[PDB]
Structures are given as structure tokens and as C-alpha cells.
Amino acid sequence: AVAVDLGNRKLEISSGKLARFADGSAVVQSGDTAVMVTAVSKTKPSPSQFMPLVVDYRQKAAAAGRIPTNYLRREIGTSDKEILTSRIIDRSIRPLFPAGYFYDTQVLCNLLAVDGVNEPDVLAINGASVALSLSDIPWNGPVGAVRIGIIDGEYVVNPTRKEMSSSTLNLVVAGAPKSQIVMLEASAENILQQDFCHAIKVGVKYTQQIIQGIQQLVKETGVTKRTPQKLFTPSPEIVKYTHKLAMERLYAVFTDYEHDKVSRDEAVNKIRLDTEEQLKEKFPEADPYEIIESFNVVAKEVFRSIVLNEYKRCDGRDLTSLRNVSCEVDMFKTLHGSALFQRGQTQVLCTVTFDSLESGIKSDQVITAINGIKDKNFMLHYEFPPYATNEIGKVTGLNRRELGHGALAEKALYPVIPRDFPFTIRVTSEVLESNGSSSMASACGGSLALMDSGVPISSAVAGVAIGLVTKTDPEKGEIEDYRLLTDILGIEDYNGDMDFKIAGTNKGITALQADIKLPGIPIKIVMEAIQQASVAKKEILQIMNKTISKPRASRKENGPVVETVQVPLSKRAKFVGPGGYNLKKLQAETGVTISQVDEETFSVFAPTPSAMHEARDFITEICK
């Protein structure tokens, strides 16, 4: 039992009492909130040639707060914010696993108790760090996680629920030993860059205090790590031979600036087929997968050597050069708002829909105290269809990535959404083509569609993703020199070291999500990434402003119409029908929804004026 003091807060870490069967287990308590995290890793290598790691964060201690009816129904009971928390924990611990650790691993977080004051999400990240540190699962170094808020100008570590309601910043920092950064997740209320950077500095300092506390617990316990029967990394002598066979062929492909996404991939795969052939007879005893990963190591190394040595990219861009950006608005007449944003070979179509404020809400499956009500009556739905990458996939449900990307784009656009808007705003972003940051293009395209729909947003929001290529020595593991890339392609994200997605208006920052694939990066690189992204964001906003610079003076004339109709007490029963039958039928046949305002007035909402006059005669016949 170790206590770590974080300012006025206290973090208690325990182990050895609950779930002694699991490979690692820990209980993290802050105030009267306790989170229990376990880690399990199979000793038999998985058939798949990657690291299968699943993180699941649940609130099963309340039985989901209700009684879901069926097994299939239970596949939806998992809350949205529980999926988002699992994604944050996953990105905090994934980079620290050893390379070639192809073993099925599961990290489970169980909310023992919640006091409604201390947020359990930050405790879950620390619990995952302690559980892996105390387990025999090889995992490099503990990580500490804190949430930084800005309340009336002060910087608060791990703010309570009440403090978060008055904070202009919601930043979560995961830090590795010697002040490295492994995860960043922020949601700011259009705050200045300097204020944002200072909060990262304060947060990283606090995570180091957690790391030394966890390190004290590890020494007291006496953790011993397992020896995996095989770490699946290509032997250096086969990688070296692959380098000889494909160095020049791969270099020519990557220095050819005429390639597009498909042409470059076909060119690389054409080399892969030729090299993987001769590699087989030279090394007959090599594993079939080992040959594939040997080529992927060489192709990645050649790709990184070009940008490091020559300060040029595979499509001829310089380090700070954007892709071609084109925008359109109002492409379909019947949509309330529409925009088509293209960034290189990434294409996103954004739609805006309006609805009643009281629409939704009456859903009965409120497993928590969670219903259709959002903070500003604003939500963003993100969809990534399989044809965006010329792929085949089922369209049943939203996977974790689509739900995570939608929340990120929603965070980016949230601070500029107005209050007291008469309608519920829903923005739908559909990725038609994907070669880059469709997540950030949903913020730019969503911004354009919001102005095109006539929503009076305070400012336009643009996002961009910053990549990173580093040179790291094998004797120390320190970063010697590095390059930051503006508006990375898909191959630069795949062969890079991070996907630093950051969005905001022309004067401030609204959202950030850093997905670092390295085992930590210095704070210096993070500060420069925010600055480099600031210049790119201004350039994107200038292109967007040419297409549309301000919201339209009014909504489209073919949009929703809201007004009241009177029904006296005498004719109330016939109008609503037996048990509200007539109103329910009207909502079924036509989209018109009728709600009771006062004892004698009903508010009629019609999604289109065409659907309005259709239901106008329906209430006329009822009124007889």
C-alpha cells in the first residue's frame, strides 16, 4: 500500500488482496472512488502476427444500472464514454510493450466504487500501470496519468466533477520515466496556445511523482518478469540481407513524386513479391511471417532515411507543406447543411441535421442516467465505410475507432457551437476516401457544413495531424534528431512515430489527441508540434474561408418549422387518441412529432415544410 500525494489530492495503490489468480492486479483509490484493474497474458504465442491487446473499462458493479433484456441487446449496453476510456488506457500502455510480443493480452478495469466526486477514468489508467508493473508480463516502465484543468485561471491536478464543470481545459497526460510523454488527450474551450503548453508542463511533472510511488510498490513487492518463449522480431542478419536486395528499388519508389496512394502501394508490393521470393531460398528455415516482417522493417527504414537525410517527403512536399485543400458547400438541395472537404486523397462529406429540442429523450433503455440529452444539444456521428479504402466489411454497428474519431471531431467543434439554439444539431461525417486524417477533415468539413446550414458558430474550426520521424541510437534509446511533418499521409502515419491530431480556431485550441507509437517523447517535441500545427491550421482556415467565411443569415427555407396549435379541453381526448394513439400514428406515418406544451397548446415539429402541410390536414380532419 503506497500513498502518492498530488497537491491536495491523494492516490492510494494496493495489491495482493483481490483476484490473486490474474497475472497482475491492483486497486487504485482516490477519495471514496476505487478502481480495480487486472492484466492477463497468455504464455502461448498467438496465431496472428501482431500484438493482440484488448482494454475493457466497465461499470458492471451496478449491473449496468438496470436489467438489459437479452444477450444480443447486451452488446449495446456498453456506454460510449466507457469505450472512450478504454481507448485512452489502450494508448497509455500499448507503446510500452516490447516489440515482437505476439501474445494475447487483456486489461480489465472494474469500478469497485464511485463517490461522484473523483473521476474514475484517471485512476483506471494508473491501475493498468500498476497491474502490469506488478505482473510477470514484460512491460517497460510504469506510467503516471493525471487530469489537468484550468479553473478561474488556476491549474488543478485531478479536478473533481464539480471543478470540471467550471474548467476551460480537460487535459489528460500519461507520462513515462524521465519525463517522457506517452499519451495526450485534451478538450479545451478555445484557449491560447501558451496556456495549453503550460498545462502540459504541469501535468508531466505530476506524473513523475506517481511513477516513483509505483516504483516503490514494485520494489517492496518483488516483481519477477516471465521469459517469453519467443519475441517475434526478424533476425538482424536477415534484415541486413533484405536491405541489400531492396534498398535501391525502394528508394526509387519513395523518391518518385508521381505516385498516388494506390500507385505507391502497388509499386512497393511489387518489390515485396520479388524480394520475398529470393529471401525464402536463402533462408529456408526462416518463419513465413519473419520474411514478411523483414521487408516491413527495411521498407520503413528506407522511408524514414529519406525524410531525415533530405528533408523531403515521398510526394515531394517539404516538412511544413500542406496537401491540396478544396471545399464545397450546399451540394444537395434537401439537406439542411452540407459540405465536401477534400485534403489530398482524403475526402469527407459532412451533413447537418436539425431536430426538436425535446426530440429523443423518451427512450426507455436508459441503462444509466444517460439519455439523448447532450451538453449543447450537439452531437457528431462519424462513419468510416469499407469502400473508403477499397475494402469489404460489415456495416453492422460502430467499431471503437469510428466512435473514438466521432468524439474527437465533436470535441473540436463543441466550443464554437452556440447556446440556446432552437434545434438539436447533429453533424454526420462520412469518409468517402481515406489517405490521411479523415478525423481532422471531419472537423473542417463539419465546420463548413455548420456555417452552410446557418448555425451561428463563433468561429471556424480546422484540424490537422502532425507526424514525426526520429533517429534513435541502440546504445541509449535517446532521440538524436527528428523531423515534424505537417498533414501526414497514411504511409507517413504507418511508418512514423505519432499521429498528433490537433484542432482549433484561428486564435485558440479546441481539441488534441496524440497517438505516440514511441515509448515516450520529450516535451520539447510536443511543444514544437503544437507550434507547427498552429501555422498549418491558419493556412487551412484561409482556404476554408474562401469557400465560406461566415454563417448564412438564416436557415434554408426548406428546413424544420416549429409552431403551436391550440386544442381545447373538450377536444383534447379525440386529438391525442386512446392512450396517445393518434399522435403516435402521426409520428409513424410522417415525421411530424407533436408534444404538449401547456394544458391546451401543442408544439408541432416538422422536419420539412412538405411534411408540415401533409400533417396539417391530418390535424384538420381530427379537429373535424
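Positions refer to the first chain, counted from 1. Rigid core (definition): largest C-alpha set, two forms, superposition within 1.5 Å. Compared with the form deposited in another entry:
Candidate set 117, 231, 292, 373; criterion, C-alpha shift of 2 Å or more between the two forms after rigid-core fit; matching residue, 373.
Once the cores line up, the CA of residue 576 ends up less than 2 angstroms apart between the two forms. A displacement of less than 2 angstroms separates the C-alpha positions of residue 585 between the two forms, with the rigid core held in common. Relative to the superposed core, residue 64 shifts its CA atom by 2 Å or more between the two forms.
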Contents of the next structure:
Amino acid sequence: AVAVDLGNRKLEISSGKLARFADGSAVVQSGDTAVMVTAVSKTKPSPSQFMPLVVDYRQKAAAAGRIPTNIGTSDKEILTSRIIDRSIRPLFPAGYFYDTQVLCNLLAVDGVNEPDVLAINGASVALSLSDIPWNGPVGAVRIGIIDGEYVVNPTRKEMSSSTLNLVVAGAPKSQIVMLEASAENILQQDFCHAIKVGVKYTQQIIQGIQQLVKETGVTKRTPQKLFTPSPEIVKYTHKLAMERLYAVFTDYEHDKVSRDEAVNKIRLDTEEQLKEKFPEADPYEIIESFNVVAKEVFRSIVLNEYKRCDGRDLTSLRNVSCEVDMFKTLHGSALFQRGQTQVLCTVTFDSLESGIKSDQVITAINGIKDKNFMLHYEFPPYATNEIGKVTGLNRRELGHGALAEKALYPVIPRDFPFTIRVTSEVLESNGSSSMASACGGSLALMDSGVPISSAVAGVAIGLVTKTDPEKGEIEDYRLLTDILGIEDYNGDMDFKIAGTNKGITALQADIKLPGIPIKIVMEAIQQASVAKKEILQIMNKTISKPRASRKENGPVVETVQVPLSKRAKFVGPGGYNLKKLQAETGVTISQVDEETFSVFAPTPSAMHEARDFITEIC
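Can I have the other form now, the form deposited in another entry, not the form deposited in one PDB entry?
No partner chains or extra molecules come along with it, only the chain itself.
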């Protein structure tokens, strides 16, 4: 057991008592909250030609106050699993194509110490003490700002009064592997200092975990094969396809489909030559060698020539155009276009009672939104000309919706008369769809008449690094503004950051490298601030201020007087008449007093239909 001190917090880490059959197990305890994290990795190679890592963070009695539920994973559990997955996936060795599952069990929760941060550290310790190949321990802390003071691992009470909710995962040598933040439109300088404080605290956790690894003997397994392309067949692919790929990536009038088809034309014209040259080569190895050669050729152009595949410099945006009031019956609407990415954002007002539901146990599972504000994000298969199932929601769609929701959350007004639901549908996808959902969402919010404090613009910052194979240190790098899909795919990170013209509201740094220096992170934040200014200026031309009032076809809430003698007929047997009227019409009726009822009509026409029934009944 090792105790790590973090200011006024203490992190108790232990292993060797529970779940000893697993490849790796660890118990991380803070206060009275204990999380057991387990890592299991299969020994046989996976049929899939990639890393089949899955993280399942499960909560027992998932509610505020620990109400024991006792079928579906909660959205909070899904988001926590994605944060853990992003913290540990970069540190896995390349070619580790083995099925791996990390499971988090909430042994105890005291309602004071948040178990989500403990689960990330537990995943690090379980992997560190296991035989699973994994490069270096990571440390995860949460940084908040309470009354201008930075606090490490704030309690539940402190988090409720914090202007920042930032989670930092750090690697050895003060590297950063994961950033996930949501701020109440705080200054960039305050945001930058919180990352500096967080990275310092993760180093203390890392050296504590390293002490635990030193005490208990850890022998790493030897995988039967690491599925990385052979260097001698990678460099032969370079000879065949470098010139053709170079012309394609300097062909500045390509679009998304044309560039992809041109690359695939070279791939089909080179993969067959690779097969004859190396008959014994793995069929997947042939595929990955072309991906390796294409990726490095793509990045070499950016590093050497400071020019991108579509002919713009490292700091300029794509073509941005937007419009509002697309359709008459929508309460609010906006079509935001950025390059070849198109998002349709719709604002629908709802009754405040639609935020709560029946099944109060289920209601506490997903909670109640503080501002009665939610964002539903959809990524239809036709956005990328693909076939896919539309039932349910993906993990990626849930995560993208949460990021866009917390980007717009700081500017959403308090105590709005209606529940605000924003539906962002990605009609066309070429990268930064979630950030486009924030810009289009704010445009649609202003079009619907919601008096938001400021317009919110999001942007994605890419990164291309030259890393020496001798030590793994970064010597040169380029930061790209408003990256395309191919730049995210061939890049090192997807630094999605949103905010108003005077602050930052959300951040999600999806770093594919085993860690980046804090210097790069600071420069990416500054670079994104300038790009955010340009996007906001374009957005303000379409609409700069919220409309003076909501659309005339919007919802209306009015009270109806029902006498105590006639109320039996009004509600019927067990509320049958009220529920029947709420099904044939969208009107929601909720009793307020013994002689009055509150009627919410989604449209003025629905109000007329309901009013006819109320008079006829009474």
C-alpha cells in the first residue's frame, strides 16, 4: 500500500486483496470512497486489426445520495468510461491488438469524494501492476477554482461552487495525455494556470504509483506478436507511393471525397505491388504499411512547407457560412456550414415538467439538468455516405453531445420559462462536427429568442510533430487551425475548445501521442482564441443579438380554472381524462392548486384544441 499526499487530500492505493484472478487489480481510496479497478487482457491476438480496448465504468446505486437502483448504462457512466479510455489508450504500445477490458467497481461511495477521478488512477495502477504492456503510469486529478483558489480533487460541495471543472491526466516527465474541462466562461490566463497546477499534482501521484510498482514485483508479459508494419516493407512502400501521394496532398482544389478517392486509387495501385514483392507478408500488414507511408508523407508537407492539403496556412479557417429561420414551424433553427461540415441545429421549447419523468429511481440515474438545458447530438450514417444502425445512441454521439452541451451551458440563461432542448444533426461531416454544433447551437438559440449572454464558437486545433526515435522527444511541431477530417486522422491530437469572445467554456483534448508538453497545450489555447474571434465575427453578421421575442408559433403556458364540483369529470378515473387529452394532443396539464390547473401548449393551435376540450368537459 502507498499513500500519496495531494495538498489536503490523501490517495490510498493498495492491491493484492480483492479480485486476485485478474491480470491486474487495484483499490484506490480517498476518504471513505473506494474504487476497485480491474484490467484483463487476452493472450491470443484479436481478430480485429486494431486495439479492442473497452472501458466499462459501472456505478452501484448511481444517484445523488446513493439510491440503490437494482439495464442500461447511464450517461454519466458513459462519459466517465470515455475519460478513462482516453487517459490510458495513448500509453498502450503500438500493435497491441489484444482484447482488453478495464472494469470499475464502486466498492463504496461516501458522497463527498468523487469516484470518477479515483477510477482513472485505479486504471493506471491496475495496468501498472499487471503483466499487460503499458508505457508508464498516469496520474489524474481534478482542478477547480473556488473563490479564486485552485483546489485539487474538490469535494461534491466544492464542485457545486466551482467556476472550473477540469480533469488532467499526466504522464512521466510532466507530459499531458488527457484534458477534459468545462468552465463558467473564465479567463484564458486562469485556465492556463489551472493546467499547470494539475500537471504538477499528477507527478506526485505518478511517483507514488512508481513506489508501489517497485515494492511488488511486476514482470511484463511478452506478446507473441506486436502488429506493427515491418520497417523494411514500410520504406519500400515509401519508394512506390511517395511521389503520387505528394501530388495528391498538394492538389489544392480537392474536396473530401475527391481526395479520399485519389488516395484510394494509389492504395489499390500499390497494395497489389506490395503483395507480389512480399508474398509472405500479412494481408493486414500490407494495409497498415500504406497507412504509415501516407501519414508521414501527409505530415512532412505540413512540417517542411507550412502548407496544408487544402492550400491554407496553419492559422486560417475554412469557409464559414450560416443562416437562421430555415423553417416556419421550428421554434428555432440554424444551418451552420464550415468547409464541408454542415450541422442543422433546432431549438424546441418544452414544459419544465418534461425535464423530470416518472420512475423517480430512473430520474435520479440521469439526474436533472440544472438549467433545464440539454443538447441531443445525432450523427446519421448518411453524413459520411455510410450504412449504419440508427436505433439507440452511440458512445461517440453521447460524448459529442455532452461536449457541445457544456460549451453552451455557461451562456444559457437561468430560470427560463421553458425547458430548452437543442438538437444538432450532422448532415455533412468533415471534422469538428461537435464544435460546429456549438456555433450552430448558439445561432439557433439566438434565433429562437433565448437571451444568451454571448455567442459561443468552437474550434478544433490539430498538431503535427517531428519526434526523434532515439528518445521520443519533440523537436519541431505545427499547430493547425480548424482541422479537416484527414488532418485529425493523420494528426497527433484533436484539441476541441469552445468559448465566448471573452472566455473559455469547454475543452476536450483527445491526444493520440503518449504525452505532449504543456508548452504545446498553452500555444494551442492561444491559437484557438484568435480563430474563435474570426468565427464569432462571421457568426455575428448572420445574427448578433437574440430576437426580441420568441416565434409566434412557440409554446404558451396558461392556467385554467376548474371548479371543485367539475374536477372529477375533468381528471376522470385516476387521471384517465387528463392522460388521454395529453396523448391526442401535445398539451401537458399539471395540477397547481385544488381549483386551478396549469396547461402547457407546444403550439398555439394545440392550445385552441385543448381549450375546446376543456370547455366541453366543463
